[PDB]
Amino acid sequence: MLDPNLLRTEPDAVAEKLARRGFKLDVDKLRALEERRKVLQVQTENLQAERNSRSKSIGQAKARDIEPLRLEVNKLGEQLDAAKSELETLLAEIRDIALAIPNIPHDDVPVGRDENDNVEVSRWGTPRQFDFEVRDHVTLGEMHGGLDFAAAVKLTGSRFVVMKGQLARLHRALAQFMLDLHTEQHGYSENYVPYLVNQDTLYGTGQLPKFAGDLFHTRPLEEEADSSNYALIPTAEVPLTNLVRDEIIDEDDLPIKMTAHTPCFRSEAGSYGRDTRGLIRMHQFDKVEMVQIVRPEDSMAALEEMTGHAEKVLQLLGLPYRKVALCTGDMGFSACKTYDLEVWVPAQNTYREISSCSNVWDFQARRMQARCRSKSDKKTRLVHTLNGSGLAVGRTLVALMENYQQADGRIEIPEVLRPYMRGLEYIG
């Protein structure tokens, strides 16, 4: 959520910055609600005061007939409860609006309508020239018997996979390599997190209220009927960022750099048509996430650092990619600035997204009440949060299989992964 006082003080300026995302801030409705809120707030607080006073008058005469006084306190209590509910319903209408507002893009972000307006910043490696017709990862999967989509339709349904044997081992090897890289060389602490999360968590990172439809939701448990409305995690950004919810972190302890290897679950609503075949656009997919909790003045530097960490995975793996600065119109909900790394995909003859590194500014920190404090001063302030994949494991497996395929369909194991595969050079 945006700073409420920034919406109060200069709403036309924030609406202008938000218009660059293609978002129309309803400034008039927000104002009309806010003006009614002050009227209800003065009435409620006056009722609270007079109920508190009449309650004290009873206990004073009780020591000294507490009946005509007792009736009045019940009439005021009825009045105050009605007043408080009426105010709360209005507070809930303001929240419906405020919490559906995307983040203000930082001035570094190029102005754009959509993905066609994204700016290329960097490019690394040169796409492989093949001496045969390139096979896709699905075709190679079938040749090895290692990627079985039909078995996953049988166990579950569409947009699921069963990996079998050496290709399943290679997928594990990729995740191990990424976790070891970030924990051993990049200063990230490793975490095992729940894959089911509550509504507070989802509100905290921005999935709720606007993106409930993107999630798999669980039915409450009979023995936890009022505390088990859970959703499956769509990214480890959700559990990891929420670890600092309702915390005051000493600035000396920042940055907090966390990594996790988890499955991610997406309903893929609206994706009716785009990427029907393959490990791309799945309901279930593994990712090795990087999350940073930093001091407000270090977030821009941390973004460059984190993007560099995801780039390092691609470079060590010998996978050519392009680095893209996302424009105002192609950014995710919580982000103020984003870099997407797009890996070369031989069968698609283009680069495809494999990492999306974002600086969230204080947008999630405000929702979570995540703040920091220098012991030197009497001043707490919201932290900045960042997240990015290093990398989407399923998409890395696609890029690896396709870029390293041999004429006969064998997969060459990238040199940096051979220690993770007992020195094995080829699958097949």
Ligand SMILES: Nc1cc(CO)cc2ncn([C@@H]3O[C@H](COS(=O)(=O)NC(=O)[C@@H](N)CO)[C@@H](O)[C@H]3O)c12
Contents of the next structure:
2 protein chains.
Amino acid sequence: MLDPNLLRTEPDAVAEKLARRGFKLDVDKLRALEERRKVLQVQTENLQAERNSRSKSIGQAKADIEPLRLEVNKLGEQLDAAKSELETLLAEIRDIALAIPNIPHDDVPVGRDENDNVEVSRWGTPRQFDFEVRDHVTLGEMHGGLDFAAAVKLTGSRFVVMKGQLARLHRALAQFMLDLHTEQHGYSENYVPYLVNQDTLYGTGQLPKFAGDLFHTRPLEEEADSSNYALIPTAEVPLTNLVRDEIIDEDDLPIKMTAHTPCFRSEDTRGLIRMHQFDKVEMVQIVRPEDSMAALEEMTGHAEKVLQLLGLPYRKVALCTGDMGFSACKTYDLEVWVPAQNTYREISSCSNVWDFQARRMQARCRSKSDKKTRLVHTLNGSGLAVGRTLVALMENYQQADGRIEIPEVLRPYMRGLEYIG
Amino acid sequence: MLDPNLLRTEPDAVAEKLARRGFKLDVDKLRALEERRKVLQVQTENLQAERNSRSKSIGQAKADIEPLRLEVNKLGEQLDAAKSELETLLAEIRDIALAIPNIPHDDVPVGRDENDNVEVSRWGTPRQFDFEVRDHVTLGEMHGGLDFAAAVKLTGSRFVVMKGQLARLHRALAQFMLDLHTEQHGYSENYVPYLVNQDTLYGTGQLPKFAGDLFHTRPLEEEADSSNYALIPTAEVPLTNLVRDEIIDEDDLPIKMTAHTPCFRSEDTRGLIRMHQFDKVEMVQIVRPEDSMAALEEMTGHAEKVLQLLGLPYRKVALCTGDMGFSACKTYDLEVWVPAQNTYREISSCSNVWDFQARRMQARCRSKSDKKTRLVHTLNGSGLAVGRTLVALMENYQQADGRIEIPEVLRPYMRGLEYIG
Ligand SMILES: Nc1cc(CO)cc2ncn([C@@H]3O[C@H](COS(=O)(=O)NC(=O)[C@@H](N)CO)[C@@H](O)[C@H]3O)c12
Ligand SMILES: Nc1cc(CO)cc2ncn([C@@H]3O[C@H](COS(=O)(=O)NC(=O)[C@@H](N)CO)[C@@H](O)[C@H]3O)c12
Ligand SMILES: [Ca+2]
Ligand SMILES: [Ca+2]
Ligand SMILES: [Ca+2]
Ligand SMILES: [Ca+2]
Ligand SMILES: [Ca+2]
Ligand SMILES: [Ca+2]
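With the form solved without this ligand done, generate the form deposited with this ligand bound in the same format.
Whole complex next, starting from this chain.
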């Protein structure tokens, strides 16, 4: 959600920044709705006041209360009708306001799509192979460890069954990532629900605009009016909502949280690349408004550190205005080298959300003296998407016979094992 | 599913065994449906034969084919009508057959409910405390590590948010359990889908009878006719279905599999005890029919070994006929000591399923020479339910000030940490 006072004072200036994302803000409709809202708001508050006054006259006349009671009931019917008409108009304003993406920060390069993204840095040298590179699907078949056919039998397309040592390696990657962020990077570990409610989804921006990208669960028989849930598309959703409706003491900031969860989306026909269910170790930071740009560089470095310790070459890319996600104001993507595809592929997206989710959640901070609160800033970043790390690990460390060399940093997580196979 | 030939030859003998569970088999309705099925089956196969013959006469007359074509279309309409009437009757037989629980093995003590279960063994001595025992909810509040209120905000009742060292300890328990079963007990690790289809749910017995105990997801826009999924209530569902429609070489048996998954059910108002989402390390065995009773003792010992290495006192209980789950033919429950409740509480259920799920899945085995296949037997057991292990660990190892002593066997999983707090 953008600042409603910013939409009322500078609508054309806001529409200009949003045009860089390719978003056309309907300024004309927002103005006509807002002018009609002020007319209905005055009419409604006048009815609220006269009804309140007419009912006080009843208690004052108790010292015939029937002619006064009829008037109070007509005023009550008129007030409810005016309140419903007003609420219908407020919901139309909300339908527009809650579908507006975040305003891009000035640091973001202007661009129309992913071909306009700017490479910021590169690390490591892609391996030169002495044989024909096999992809992760072929490697998983050779080991009997990645089985897409069994997952189609159990469920359907875009799911996987991992078996044996490759399932073990996938678990080891998550253990290493969680240990790195909690032991070296200052994040606190969290176990979160994988089903969340509508308030949580509105809070992080998935609702109202991206309902179709979620798996929704039908309400339960015994919780019929309070169980309209959806599976989490990322741990960013439950983690960021932990500060919803909170006033945090600024001394307690930053709040740095991590979690390893499955992620569920219904948004590459072959492999672990774009599945409906995938594991991801997520990093979330809740910070003071002035520290969010520095916290973005810090969190991006925490994700880069995972790729560096694993020996996986990668590139850091600043997303342009046209390639950013809905709630981000600034994003860096990390793209890992994938030898069978001869290119870098996205493995992490690190964003500064500014106060866009804090506005929806009412997440604020305050100094003990300060007579006023302030919205916090929120940030989220993959550190990393675990299945994509397994793809990169398998392809970059494959041997001529298909054996997988286990990166040195993961060997304590595999009981010192050097190779799978 | 029970053997259909056993329901046709010994219906009263089957009804007698099922009566021990408190299940009344409607023998009279099954017989009347089966007699009417034989009438419709003869009438249908006679129509299939005459239609097949009448269409062959068309090709033979190509050497006027209009009087013969009209007859073929009337026969075709009569055959389709007879096939639909027959299929409606087959579905009524299926509605009865697929709701019948498994026949209890003779080893199972006869009983009406859980108060008739038989204690088989006991291990360890419940700790005598020098202070008033705190429950896991109070301990989690003192540490700030178990937060039920935050989970109600994110989702609703019967969910939890774990934070900091207690989330870390919960992860350490799962790591230890998976490492024990894969390193010492011969199980192969699996990563499975957490959403499964209707065939999978019918295969393990959740459908048709227990649909109301599952979270169901609405079909996806782009997969409208192939995405009616449900969240897994246990890893037994995807793991056991890995052998659906397979003929396994008997030399490859036993197939021993383990997985750590969240579990989702909508079946203790306070705590981690009965939540809609809980983690569990599951053990599944697919074995030859003659080895299933020995494999049950082996798998129960693998679950008991977890409690023993963790130093948690427990009791092993043989469930009576009236307290067994739907698909089990024989079950042992392990009940861990819970000091705040002054009793043992269920933490594992280990079952021999016999051929009941193998019948539904068509999972069979064969020796290379053997001219005929045989249904395998399946088994499943908790090793263990992770949140209940955390409950027992917290309460049994709490110190007077609320600190949690980390069991010796988990300390390598916590970087040598001795106490939380
Ligand atoms: N996003 C993606 C989509 C799909 C479609 O179901 C399959 C994937 N399997 C792996 N990912 C990986 O998930 C990462 C994070 O996703 S993101 O939407 O860009 N960003 C977030 O969710 C933020 N909370 C920061 O992590 C991406 O960088 C991608 O590599 C997939
Ligand atoms: N079952 C249970 C139900 C609920 C209600 O949502 C919450 C729970 N939180 C922990 N469990 C634990 O899950 C264990 C296994 O569940 S079972 O249905 O008995 N058996 C199976 O699922 C087999 N596949 C063997 O594991 C039980 O022993 C119980 O301690 C819960
Ligand atoms: Ca501080
Ligand atoms: Ca974001
Ligand atoms: Ca992106
Ligand atoms: Ca063998
Ligand atoms: Ca069972
Ligand atoms: Ca039970």
